[PDB]
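Position chains B, C and D with the ligands against the provided structure of chain A, taking the given hints into account.
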Amino acid sequence: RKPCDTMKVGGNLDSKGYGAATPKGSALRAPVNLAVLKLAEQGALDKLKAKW
Amino acid sequence: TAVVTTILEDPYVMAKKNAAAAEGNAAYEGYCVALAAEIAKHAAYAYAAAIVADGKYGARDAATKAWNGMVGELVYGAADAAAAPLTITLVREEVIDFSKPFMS
Amino acid sequence: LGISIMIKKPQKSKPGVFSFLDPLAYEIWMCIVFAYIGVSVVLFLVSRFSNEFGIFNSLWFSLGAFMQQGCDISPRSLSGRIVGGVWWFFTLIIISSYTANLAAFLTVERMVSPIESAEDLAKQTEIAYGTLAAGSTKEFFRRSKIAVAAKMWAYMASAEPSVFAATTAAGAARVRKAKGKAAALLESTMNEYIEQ
Amino acid sequence: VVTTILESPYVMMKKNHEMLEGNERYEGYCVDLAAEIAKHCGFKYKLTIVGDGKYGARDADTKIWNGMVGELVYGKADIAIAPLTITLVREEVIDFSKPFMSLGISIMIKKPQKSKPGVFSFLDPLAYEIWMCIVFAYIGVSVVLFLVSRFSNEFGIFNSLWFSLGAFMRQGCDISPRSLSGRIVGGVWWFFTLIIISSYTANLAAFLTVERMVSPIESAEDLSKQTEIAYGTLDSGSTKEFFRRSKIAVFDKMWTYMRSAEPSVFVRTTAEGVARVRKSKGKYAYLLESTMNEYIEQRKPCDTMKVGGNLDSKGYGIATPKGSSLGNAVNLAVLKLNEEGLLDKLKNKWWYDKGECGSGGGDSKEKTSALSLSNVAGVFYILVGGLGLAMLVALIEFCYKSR
Ligand SMILES: O=c1[nH]c2cc(C(F)(F)F)c(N3CCOCC3)cc2n(CP(=O)(O)O)c1=O
Ligand SMILES: O=c1[nH]c2cc(C(F)(F)F)c(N3CCOCC3)cc2n(CP(=O)(O)O)c1=O
Ligand SMILES: CCCCCCCCCCCCCC
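Note that the protein sequences, when read in sequence, are chains A, B, C and D. For the first sequence, this note's numbering assigns the number 1 to the initial residue and increments by one for each residue that follows. For the second sequence, this note's numbering assigns the number 1001 to the initial residue and increments by one for each residue that follows. For the third sequence, this note's numbering assigns the number 2001 to the initial residue and increments by one for each residue that follows. For the fourth sequence, this note's numbering assigns the number 3001 to the initial residue and increments by one for each residue that follows.
Just chain A, same shape as in the assembly:
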C-alpha cells in the first residue's frame, strides 16, 4: 500500500505474535481466547489481513 519502490525479500528471522490482551485475572480471558482461536480457524483473520 505504498508506491512500489521497495520490496520484502527472504523469510522472517525471528517470531513474535499479537494477542488481544486482557487484564490479569479478569472474566474476559477464556471467552476472548476462544473467540480468537475460533476466528483463526474459520479464516476471519485471513480474510481481514488479505483485505487491508
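Treat the hints as calculated values from the structure; they're not laboratory data. The beta-carbon is built from N, C-alpha and C at its ideal position, and this holds for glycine as well. Warning: the hint list may mix true and false statements.
As the list claims (entries may be wrong) - Quick list of in silico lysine-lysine cross-link-like pairs, DSS-like style, CA-CA up to 27 Å:
id, chain 1, residue 1, chain 2, residue 2
1, C, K2181, D, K3347
2, A, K16, D, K3336
3, D, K3300, C, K2123
4, D, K3114, A, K24
5, A, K49, D, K3247
6, D, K3322, C, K2014
7, D, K3306, D, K3116
8, A, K47, D, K3247
9, D, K3354, C, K2145
10, A, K16, A, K38
11, C, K2177, D, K3367
12, C, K2012, D, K3367
13, D, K3111, D, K3306
14, C, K2151, D, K3300
15, D, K3322, A, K38
16, A, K49, B, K1041
17, A, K49, B, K1016
18, C, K2151, D, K3306
19, A, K51, B, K1017
20, D, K3111, D, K3283
21, C, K2009, D, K3367
22, D, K3336, B, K1065
23, D, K3347, C, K2151
24, C, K2181, D, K3111
25, C, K2179, D, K3365
26, D, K3365, C, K2181
27, D, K3306, A, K16
28, A, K49, B, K1056
29, D, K3354, D, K3300
30, C, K2151, D, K3015
31, B, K1016, A, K47
32, C, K2123, D, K3347
33, D, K3349, C, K2123
34, A, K8, D, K3345
35, C, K2014, D, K3367
36, D, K3015, C, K2138
Stated by the list, open to error - Here are some chain A residues pointing at chain B (derived, C-beta under 10 Å):
id, residue
37, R1
38, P3
39, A20
40, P23
What follows is chains B, C and D with the ligands alone, placed relative to chain A:
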C-alpha cells in the same frame, strides 16, 4: 459495558475521512477495529472504542515501575481489552494475561 | 605447529592430443562427415538432370561451404540453391555452437578455486575429511566450540563410510587412493614431512 | 509424566534403542525442549510415550479423547511436550502454552533439474520475435535490392534473394552491387548480419557457461492458475479438511479442482506422497505441514524442495490439564525460551546442522559437458528435410520441362 484500548496511525486502526462528522467509535475504523467487532459477537459485550492517550505500547520505566500507554491502561484498571498489536513478550506476560496470537 | 589440511596433489593434467574437438561430441563429429557426403551427392544429383558441378567439383563446393570459406562456383538453379541454403544454415549453427561451447569450457575452467582454507572445506561438501581414530585432533573437534569446527565435527560424527582412519599410515593411503575425495586433518609437522 | 510422539525429527530412538531405552536414551527436538524446561522449571518428570500413538480426537458417539488428549484430560499423564496443532476443541479441554513454533500448509515440489534438450533448441539464444524479424528483414532487403537494381547488373528477384542469403550466412557472395543505391543496401545488410551473428554466438555462450534453474511454480495462486501440474494433499486430516471449509477465492478453486480430478491425487500417507513427488518429474505438487516439508527437503537424497509461503498459520503448544499448578509454569518458560534465542537455536541445529545436504556448499557445482547430438539434431532434421525438398522440386521442374 467494556472499554477497549487501541493504538493508532498504523495499518491497524485509522481515523476515517470526515472523522468530525462521525461520532463515537465509528469516527475511526481499521483492521483492528473490524477485528474488535468480531470478538464482540463471541464474547457478547457492547464496548466503546477508546484510543490510548500516551501513544506508546508499554514498558516499566527503569526509575519507577510504571507501565505506560496501552498495557498501562490495562494494569491500572482504566480499561479492559487491548485489541491492538501487542507483541507477546515475557515481561508483558508476567504482568498481563494475553490470548493466543492472532498474527505471526 | 597446528592442525593442518592434507589433500591429494593436483596433477598436471596434460590435455589430449586431439582435445580441440571436445566441445562437440563424437557423434556430432561423425554425423557432420556423413551429412557432408550426403549433401555432396544430392547436389550432384540435382545439378545433373538432363555444367561445372560434377561429383568432385560438388564435393569441393560442399567442403568449402562447411568451412565458412566458400568457393568460386555457386549453384545457379532453384533446386541446387535450396541444398546450398540449407547446408549453409546447418554449418552456421554448428560453427557458432562449437565456438560458444569452447568458450564455455574455457570460462568455467578458469573460475576454478581449490580448497585452500578450513572455511572453504567446511562450506563445501563434495570432499570427505577424516581425522585419526583416537588422538588429540579428534578430541579437539569434540571439545571444539567454534561453529565452523562444530560444523566439521557434526559432519565427521556421522558418515556412510567411516571417515575416521585407524592409523596415520592408513590415513595417508586413504587420501592417495581417494583421488581428492579424502582430506586428512593431521598435525602440521607430519603434513610437511609427508608432502616432502 | 510427560508424553511424546514418534515423529522422527521431534522424538527419535537412538541407534540400538534396545541397548539403551528410556529417559536418558530418547532423542528428539521435544526431548531437548523438555530438558530445557526442566532447567528452567526443575521437576520430577518421567518420559512416557503416548500409548495410542496419535494425537487427540473425540469420537462423536464415544465422546472420549485419546492419545495426547486422552492421556491428559483423564489424569493419565502430567503434560504433553510434543507437536499439538493448537485448536478450539483441544483448547476447550486442555490449557495450551503460547505457541513455541508457528507454521503453515507449505507447498512441496520436486527440485527442478535440467530437462532433456528438445529439438529446435538451437534457436533458443534469440527470442522468437527476433527470428521472425530476421526472416522478414531478409525478405525486405532482397526485394528492395531488386527494386533498386531495376530502377537504374542482373540482380533479379531470384538472384537478389540468393545474394542476401549468402551474405547472411557469412558465405562469400557470388556478385556485388555496382551502383550507389545498390551498394548502400549491401552495406547495411552486411552490418546487420554481422551484429546478429555475433549476438547469437555470444548469447549461446552465456547459455552454456552459467545455467539458471527456475522453479516452475512460485506460490499457490499461480499453482491454481496453472492447473497443468496436478497437486494433491493427504487423504484425511487438517491439511485436507482445511480446503473443504475454506472460502477464500484461490483456496476454493484449489479444492474444487482436486475434489473432482482423476486419478486420485489424495495420497494414503506422507511417505507415499513424497515418493510420488520424487517419482513424477514435475507433474505432482504436495501440500503438507511446513515443518515436515522443511525437514524432508534436508534428508537424503535431497531431491525435493519447498516453494512458496505458508498458506494458513497454526501453532504447536505444550498441553497441560486445566487444574494443574504446572499450567502457568510453562507459559513463562516457553516465552523466555523463545525470547532468549534458544528455541530457534535448537530448531536450527536439529534441522540444518543434522542436514544430509547443505545449500552453502557446491551451490554453483560448475560442470561443463561436450554438446551431445540431442542438442543439435534439430538442425540435422532440417538439413535432411531441405535435401528431400530440393530433390522434390528438381523432379517437379524436370516433369514440367519435359512437357
Ligand atoms: O508490542 C509491539 N508492537 C509493535 C507494533 C508495531 C507496529 F504495529 F508495526 F507499528 C511496531 N512497529 C514496527 C517497526 O516500525 C515501527 C512500528 C513495533 C512494535 N513493537 C516494538 P517497538 O514499538 O518498536 O518497541 C512492539 O513491542
Ligand atoms: O495435533 C496434530 N499434530 C500433528 C503434527 C504433525 C507433524 F507435525 F507433522 F508431526 C502431523 N503430520 C503431518 C504430516 O507429517 C507427519 C504427521 C499431524 C498432526 N496432526 C494430524 P492432522 O490433523 O492431519 O494435522 C495433528 O492432529
Ligand atoms: C536456410 C533456411 C532454413 C529454414 C529453417 C526453418 C526452421 C523452422 C523451425 C520451426 C520450429 C518452430 C518451433 C516452435
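Hints and how they fare:
1. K2181/C to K3347/D: Answer violated: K2181/C to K3347/D is near 31 Å, above 27 Å.
2. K16/A to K3336/D: holds (12 Å)
3. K3300/D to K2123/C: Holds - the C-alpha atoms of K2123/C and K3300/D are around 18 Å apart, at most 27 Å.
4. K3114/D to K24/A: This hinted pair is violated, its Cα atoms lying about 59 Å apart.
5. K49/A to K3247/D: holds (14 Å)
6. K3322/D to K2014/C: Not satisfied, since the Cα-Cα distance of roughly 77 Å exceeds 27 Å.
7. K3306/D to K3116/D: holds (23 Å)
8. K47/A to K3247/D: holds (9 Å)
9. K3354/D to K2145/C: holds (17 Å)
10. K16/A to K38/A: holds (20 Å)
11. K2177/C to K3367/D: holds (23 Å)
12. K2012/C to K3367/D: holds (19 Å)
13. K3111/D to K3306/D: holds (9 Å)
14. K2151/C to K3300/D: It holds: about 18 Å lies between the C-alpha atoms, which stays within 27 Å.
15. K3322/D to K38/A: Status holds; Cα separation ~19 Å.
16. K49/A to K1041/B: It holds: about 19 Å lies between the C-alpha atoms, which stays within 27 Å.
17. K49/A to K1016/B: holds (19 Å)
18. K2151/C to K3306/D: Roughly 24 Å between the alpha carbons, so the hint for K2151/C and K3306/D holds.
19. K51/A to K1017/B: holds (19 Å)
20. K3111/D to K3283/D: holds (12 Å)
21. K2009/C to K3367/D: Distance of about 21 Å is within 27 Å: holds.
22. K3336/D to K1065/B: holds (20 Å)
23. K3347/D to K2151/C: Holds - the C-alpha atoms of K2151/C and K3347/D are around 15 Å apart, at most 27 Å.
24. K2181/C to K3111/D: Within the cut-off at roughly 26 Å; holds.
25. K2179/C to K3365/D: holds (18 Å)
26. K3365/D to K2181/C: holds (15 Å)
27. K3306/D to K16/A: holds (23 Å)
28. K49/A to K1056/B: Distance of about 23 Å is within 27 Å: holds.
29. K3354/D to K3300/D: holds (11 Å)
30. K2151/C to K3015/D: holds (21 Å)
31. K1016/B to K47/A: holds (21 Å)
32. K2123/C to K3347/D: Between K2123/C and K3347/D the Cα gap is close to 20 Å, so the pair holds against 27 Å.
33. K3349/D to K2123/C: holds (16 Å)
34. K8/A to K3345/D: Holds, because 24 Å separates the two Cα atoms, which is no more than 27 Å.
35. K2014/C to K3367/D: holds (19 Å)
36. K3015/D to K2138/C: holds (22 Å)
37. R1: holds (7 Å)
38. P3: With a closest approach of 16 Å, the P3/A hint is violated.
39. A20: holds (5 Å)
40. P23: holds (5 Å)
Consistency note: the structure conflicts with the earlier hints numbered 1, 4, 6, 38.
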